[PDB]
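J.: Please model the complete structure; the sequences and the hints are all you need to start from.
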Amino acid sequence: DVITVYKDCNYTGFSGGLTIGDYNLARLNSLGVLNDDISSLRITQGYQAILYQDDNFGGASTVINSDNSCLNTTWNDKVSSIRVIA
Amino acid sequence: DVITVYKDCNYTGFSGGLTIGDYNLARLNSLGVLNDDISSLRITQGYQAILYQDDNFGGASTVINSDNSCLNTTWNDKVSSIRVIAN
Ligand SMILES: [Ca+2]
Ligand SMILES: [Ca+2]
Ligand SMILES: [Ca+2]
Ligand SMILES: [Ca+2]
Ligand SMILES: [Ca+2]
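Protein sequence lines, in the order shown, are assigned to chains A and B.
Here PDB author numbering is used: the first residue of the first sequence is 1, the next is one more, and so on.
Here PDB author numbering is used: the first residue of the second sequence is 1, the next is one more, and so on.
Take the hints with a grain of salt, since some may be wrong.
Unchecked claim - Ranges of calculated distance between the beta carbons of each label pair, as one might list FRET restraints:
id: 1; chain 1: B; residue 1: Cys-70; chain 2: A; residue 2: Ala-60; range: 45 to 55 Å
id: 2; chain 1: B; residue 1: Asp-1; chain 2: A; residue 2: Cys-9; range: 19 to 29 Å
id: 3; chain 1: A; residue 1: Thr-62; chain 2: B; residue 2: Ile-20; range: 28 to 38 Å
id: 4; chain 1: B; residue 1: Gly-58; chain 2: A; residue 2: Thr-73; range: 37 to 47 Å
To be verified - Here are some chain A residues pointing at chain B (derived, C-beta under 8 Å):
id: 5; residue: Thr-4
id: 6; residue: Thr-12
id: 7; residue: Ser-15
id: 8; residue: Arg-42
id: 9; residue: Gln-45
id: 10; residue: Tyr-47
id: 11; residue: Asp-67
id: 12; residue: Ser-69
In case anyone wonders, no lab produced these hints; they're calculated from the structure.
The beta-carbon is built from N, C-alpha and C at its ideal position, and this holds for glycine as well.
T.: Below, the structure written as structure tokens:
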């Protein structure tokens, strides 16, 4: 995996590993990752995660290109879909 | 390279790529990385960097197990040797 999303801040709690591709809520759930639940994530250099407020890559978005130990109030427990790219 | 050390904060400036192993100042210099100069580091999941205040792994140490965009006052521009190990 090149991206790992964690339930709690500081890279702890249930985690899901992601590789290049698109992850709507259903796909995140298949990994055990819940909606409006991610709080931190690791980004392997050379990759990035585009976070989306709504499912199916809709709503406001933000790009994470380095490990984030605790998402801010706008993004913490708000992610519903993610796109991972090189 | 599972670990990249940068000259400046926010992963910018001259960078050196490190893999599993031990890096005294001599080895860091062979990569162009200077003494008391590192300010940020990217660390690939599954690996970690043990920083040392002095050369040859001497003095105080600290572990960087996730990207650090700007070392604190105690470690910024103070690293003299590093060891990369599995995490
Ligand atoms: Ca959470
Ligand atoms: Ca990383
Ligand atoms: Ca949401
Ligand atoms: Ca510096
Ligand atoms: Ca030093």
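J.: Hint by hint, say whether it matches the structure.
T.: Quick rundown of the hints versus the structure:
1. B:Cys-70 / A:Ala-60: 45 to 55 Å: 27 Å, violated
2. B:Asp-1 / A:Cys-9: 19 to 29 Å: With a Cβ separation near 27 Å, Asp-1 (chain B) and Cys-9 (chain A) satisfy 19 to 29 Å, so the hint holds.
3. A:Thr-62 / B:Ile-20: 28 to 38 Å: 33 Å, holds
4. B:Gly-58 / A:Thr-73: 37 to 47 Å: 43 Å, holds
5. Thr-4: 6 Å, holds
6. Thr-12: 11 Å, violated
7. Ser-15: 10 Å, violated
8. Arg-42: 5 Å, holds
9. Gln-45: 5 Å, holds
10. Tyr-47: Because about 10 Å separates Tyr-47 (chain A) from the closest Cβ in chain B, which is outside the 8 Å limit, the hint is violated.
11. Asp-67: Holds, because the Cβ-Cβ distance from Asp-67 (chain A) to chain B comes to roughly 4 Å (cut-off 8 Å).
12. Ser-69: 7 Å, holds
Checked against the numbered hints given earlier, this structure breaks hints 1, 6, 7 and 10; the rest are met.
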